[PDB]
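Next up: a single chain in structure tokens, the form deposited in one PDB entry.
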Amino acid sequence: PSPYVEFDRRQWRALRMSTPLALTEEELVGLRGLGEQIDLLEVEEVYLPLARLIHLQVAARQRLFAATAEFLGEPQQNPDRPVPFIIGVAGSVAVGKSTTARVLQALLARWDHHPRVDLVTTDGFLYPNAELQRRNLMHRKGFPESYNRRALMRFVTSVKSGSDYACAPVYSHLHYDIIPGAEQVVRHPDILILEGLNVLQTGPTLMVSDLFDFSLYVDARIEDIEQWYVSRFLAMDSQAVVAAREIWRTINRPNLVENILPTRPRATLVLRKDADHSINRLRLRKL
């Protein structure tokens, strides 16, 4: 007996499901609008059903909120609305976290009971390069000590307080650094997806995942991810290949081995991708 139910892509495809599950134009545009262009078969066969799955939890939580508010008799102290539902997305640099999180962001927004869905990356709570350099941590960028954990906690806490205005700092891929004083403002969305290297990490104290309602870990073979990282580095010369590999071996792989991979059992749902980026195995915690 296992805590998970498993499906390979075959098994998963073989499932006859209710809801017809067809991609809508809004969905496409929604997605293209997030700067993402991923295969449609993947979106159809894997992400639509996943989204429906997740939507059942969100709708269950909204019903519970209202049934609980009814029982309590709709008092003053009780909030008027469910606080945002929070979804964590974890995994290695280059495994597709951001893509996975942007597709769910677009698909989940399609339902009328939860149309406002925000996406925050924890890259934004990285210490700025100067401060990392003040502390001799540039080479450990993305490791747990490279983030301002207190600020991350405060931001997610404020979101789970039902605050109307909660602000995250902004990481620039263009500069590879925090943009000083830029802010992403989150305004009581229905759903918040929080993507990052560290989102399921265990902090002796109180961790940010304590505030999650659902979490995903995006998985793949470590040698496949190394390839994906190299390709991404080449898109941003055998010399570039050499430089990519050095960053992988020195920074990103050890980060994966020591800090990220051990958090995989904590996820609600683990999605494993083969060499071609398509999902070949899903593990869902038993309800």
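Residue numbers count along the first chain shown, from 1. In this text, rigid core is short for the largest set of C-alphas that superpose within 1.5 Å between two forms. What changes on going to the form deposited in another entry:
Comparing the two forms between these two forms on the rigid core, the single residue of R221, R249, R32, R52 with a CA shift of 2 Å or greater is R32. Shown in the overlay between these two forms, fitted on the rigid core, is a CA shift at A69 of 2 Å or greater. Once both forms are overlaid on the rigid core, the distance between the two CA positions of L21 between these two forms is 2 angstroms or more. The two forms, fitted on the rigid core, differ between these two forms by less than 2 Å at the CA of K141.
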Given for the second form:
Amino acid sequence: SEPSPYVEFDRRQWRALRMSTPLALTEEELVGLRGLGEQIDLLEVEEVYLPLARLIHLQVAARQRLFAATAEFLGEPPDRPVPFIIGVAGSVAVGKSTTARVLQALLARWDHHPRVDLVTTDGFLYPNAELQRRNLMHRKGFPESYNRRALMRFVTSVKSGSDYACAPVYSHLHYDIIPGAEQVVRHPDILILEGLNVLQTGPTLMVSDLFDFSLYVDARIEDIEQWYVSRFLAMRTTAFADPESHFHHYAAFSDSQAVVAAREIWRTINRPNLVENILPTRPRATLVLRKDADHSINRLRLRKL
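Switch over from the form deposited in one PDB entry to the form deposited in another entry, please.
What comes next is one chain alone, with no partners or other molecules.
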């Protein structure tokens, strides 16, 4: 009685689209792809990520057909397909990075055996020096803190079938970009771009306009704040514990101080960014994975149109 471009699913419903897709991941390999605080088990990989993987390959061939028509039209000469670009977006601490890692492993282990790369956009973040100069240290993560010009070049270069294309490297440990570090990407079959900012749209063409498929990992804003604070507290004995950690001073905080500090940074930087720039981007993602307070994925929204 009122059409929608979306189709909504239940884990029970989605679970059924797996068909007879092979589970090529061990419980040992899954654990190494897992992020701090993530609750993902093989059952979810089976129940949720397998159908998603199937759907994606179905479309990788169908999309390769499209560029064929434009090629047949322009009447140009291949054997090297157009890379299939996938964008993964989500809030900080919502688990998008884990989702991206699983998705890569799952896709790379497919009969025809593709070359699946994964690049995180934080490598296109301006160096801390440039941020201070632009007065954006307090806005790290916002669309302005990234070198969107460079990011666009990279993706354009890769999808154009460039032989070699490389990107800068970000160190979460040093909270800055690594001097002289490069991530090289040579003609991949599927490139996964993961970032807070990736689904952004605008006046000029943007990276989002070059995606062939996009995932938005969603959760309740109040639940993410919890995951964030939790992770923060747990990093006192892991990352912050390292002397080279930029936030080594946090390691000594007490459960009490830590929760305060964590909440401050959240409502001050991460929350505004989520509400203002990331969330407004959800409507356009191809697939939206809605997570529950327990980190469990129980609802899925697919773009049929």
